[PDB]
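There are 2 protein chains.
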Amino acid sequence: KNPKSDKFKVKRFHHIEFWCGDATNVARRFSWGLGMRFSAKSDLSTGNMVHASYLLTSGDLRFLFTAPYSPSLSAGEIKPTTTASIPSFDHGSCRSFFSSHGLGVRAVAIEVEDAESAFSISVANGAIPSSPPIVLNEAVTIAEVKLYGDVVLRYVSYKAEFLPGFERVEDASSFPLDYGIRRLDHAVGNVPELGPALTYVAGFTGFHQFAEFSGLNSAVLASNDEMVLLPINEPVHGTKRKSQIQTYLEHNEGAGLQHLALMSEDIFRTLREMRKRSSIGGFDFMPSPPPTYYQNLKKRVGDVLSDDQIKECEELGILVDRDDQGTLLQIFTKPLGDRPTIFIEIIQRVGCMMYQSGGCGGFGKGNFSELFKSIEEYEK
Amino acid sequence: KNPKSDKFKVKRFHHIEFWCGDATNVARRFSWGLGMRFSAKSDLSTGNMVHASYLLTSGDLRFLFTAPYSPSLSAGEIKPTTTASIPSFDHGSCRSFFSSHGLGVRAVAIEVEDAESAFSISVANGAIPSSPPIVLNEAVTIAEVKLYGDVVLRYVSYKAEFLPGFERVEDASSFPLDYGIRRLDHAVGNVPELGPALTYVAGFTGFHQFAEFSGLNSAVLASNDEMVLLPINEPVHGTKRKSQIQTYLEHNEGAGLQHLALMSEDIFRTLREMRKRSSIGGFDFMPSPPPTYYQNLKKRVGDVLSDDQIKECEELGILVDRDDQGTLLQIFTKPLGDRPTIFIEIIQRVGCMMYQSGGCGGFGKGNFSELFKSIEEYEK
Ligand SMILES: Cc1c(C(=O)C2=C(O)CCCC2=O)ccc2c1c(=O)n(Cc1ccccc1)c(=O)n2C
Ligand SMILES: Cc1c(C(=O)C2=C(O)CCCC2=O)ccc2c1c(=O)n(Cc1ccccc1)c(=O)n2C
Ligand SMILES: [Co+2]
Ligand SMILES: [Co+2]
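These protein sequence lines are chains A and B, in that order. Letter by letter, the first sequence follows residues 35 to 194, 201 to 253, 263 to 403, 411 to 436 in the UniProt record's numbering. Letter by letter, the second sequence follows residues 35 to 194, 201 to 253, 263 to 403, 411 to 436 in the UniProt record's numbering.
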């Protein structure tokens, strides 16, 4: 069931902003490891004495990497005469963020029709304001409320090139890499208590629980057309294996986002390209499933994927789940940085054509039991 | 003239340690951009709850990348029961360093016969102690004194695998990249006043001024066999163009190291490999000289390099200087990180065979006037 209770008009995921201490080095690692292009910058070259910001794009996916300069560069400035292109930025908050959390996402941004309305309605509905609505160059409105931990939900709205004050990267500095990734599918937070976190963010968005049929307990909030998908996990204590959610909270110094799931139009090409670059600057992937997993996949998705295709999934380590309505292909990278905190999921969904409806196939929770049982079988 | 006034027995450059906020991402960018191998680690996987440290190697060159974890991970520890593998490390100093300076080198390490002697003699001769001598696993001794800014000179000495507590990276995680780079040639500091900085570090090392035949004023300190080369610059104010030294001090928040010069056994192969990767995660190079430069190189090094070779230098943008005793091939990357601070120089030296004697060819100071005049000619 979908009550379509969105309290304001939301469109799509717009961009993800990482806060780091050196934007250049994270951005170039990410661009090579993921096949994202260098498309827009805001930094000293563009008259910004406050922060360094570099945008990577693959299809509709927008990764923003931001780090502070020395405050001495902008010490004469005040907020009305700032040279920062993102007005919510703050040296102290950014430096506090990176040194408390290590590398991670500071903002999950969604495009809305009216970011000032979206902010007002949100705050009026219990959201903790983080940055008030600012109109950039009479063209773009930007507002931030608190989401969880030190992560903020960022509303952007356009009257009619990323943001005012970003210049387009000169073609000789922009190499057209592409491994297949096309858009952000979902962004997942880890919190210590799911209940209050659910009722807080559902309370100011009007997002509804998405029907989702060892480790955690979770639930997924979804906008009206279920294209903005915001899962949230909490740990399940007292087990035998320590919950990854609890390890996350311990190493992250509290609540934050666990993973970004990126949609590829061809998860097979994507993972071939990403695996080729794993050990030369790219990303590592979590260990593969035991062949007992793939020896049981023919019994479950043999109607969706052929024998050659299922064997292909065995090569790249791709996991496969399926809904009552769709099939899901997924795989998890190792953590993106020093700490065992944030990671990336590559996915592709099969089915639910009307366009594809959001969340087709679910989120892979079955692959936990498919993995445990598959481990037992291989042990033999 | 070489008085050989070293006050203790120094061997070679041993390693360079970068302090950052995320070691993983800087290390992987550096390894791809420079062709260095992932050879040793100390981190959570190795029982180190204090800091994450990853060593990259190309020939004899050792780049160490270190970042702090959350202090909460090691809050029960005291200095005698620490799990840090580098005992001089300090969460507060590291976080203060990265947030004051951005990405940069924290330590220039040199191997000595006796690091405890080297420390004692040094401090007794005016060096400001930074970390006292610690004997690691009855095998390695490590000591630090202050060099300039927040950069420390690091003495290491071996009785007879990098340091105790680093494990060797498993071969499947270690891809044998190599673009030709073989050793560190020199490490250069920018300070606000050369005089006091020279007399301070020459005072506790006994290093002598190396005979070196617009922008800065510099001088080079050298050990007995002139293989540990420590140039130092200060700005030349009141000019027309703002000194790069002064820009460095402004954006770095004070004194620090300006550049690392890495020796390649084949600067032509190195720069082809590095340029191939510039726009896909590697390093950019400073803009090339006007062809008027290369149209005048035949008049100067036509005895050392052939017509095909000089044209090759024109392709990769390599500059060429020469001593009274040797020839120098060199080129400068763009800054390694967000700030216009530290950068890397690739070099190869021709001549002075006895082995090659250190510093053969000088350091390229002529290429300033060769560049200005070459610009004037091309302007025409
Ligand atoms: C992250 C994730 C998801 C899913 O994406 C997420 C929630 O599960 C549910 C709510 C939102 C939804 O998006 C699904 C399956 C997963 C993983 C995952 O990280 N791993 C790695 C791992 C295995 C053992 C120990 C530690 C880690 C898996 O094996 N499976 C099977
Ligand atoms: C760094 C360096 C060196 C040399 O290595 C260093 C000192 O000069 C002297 C002491 C130690 C010695 O190692 C030599 C030549 C250089 C550069 C250099 O960075 N550039 C870039 C640039 C050009 C215009 C404006 C800003 C930067 C050059 O053009 N030339 C020619
Ligand atoms: Co997911
Ligand atoms: Co140099």
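Read the hints as simulated data drawn from the structure, not as lab findings. Here a beta-carbon is modelled for each residue, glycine too, at the ideal position from N, C-alpha and C. It cannot be assumed that every hint is accurate.
Only some residues are given here: those of chain A computed to face chain B with a beta carbon under 8 Å [said to hold, decoys possible]:
(1) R63
(2) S106
(3) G126
(4) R129
(5) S133
(6) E302
(7) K325
(8) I329
Structure-based check of all given hints:
The beta carbon of A/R63 is positioned within 8 Å of a beta carbon in chain B (closest approach about 5 Å), and the interface hint is therefore held. Interface restraint check for A/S106: the shortest CB-CB distance to chain B comes to about 7 Å, inside 8 Å, so the restraint holds. The closest approach between the C-beta of A/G126 and any C-beta of chain B is roughly 10 Å, which is over the 8 Å cut-off, so the hint fails. Restraint check, A/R129 versus chain B: the minimum CB separation of about 5 Å is within 8 Å; hint holds.
Given the 8 Å rule on beta carbons, the hint for A/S133 holds: about 5 Å separates it from the nearest Cβ of chain B. The interface hint given for A/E302 is met, as the beta carbon of that residue sits about 5 Å from the closest beta carbon of chain B, less than 8 Å. For A/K325, the interface hint is violated, the least distance from its beta-carbon to any beta-carbon of chain B being 11 Å, above 8 Å. For A/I329, the suggested interface contact is upheld, since its CB lies about 5 Å from the closest CB of chain B, less than 8 Å.
The structure fails to meet hints 3 and 7 from the earlier list, while all remaining hints are met.
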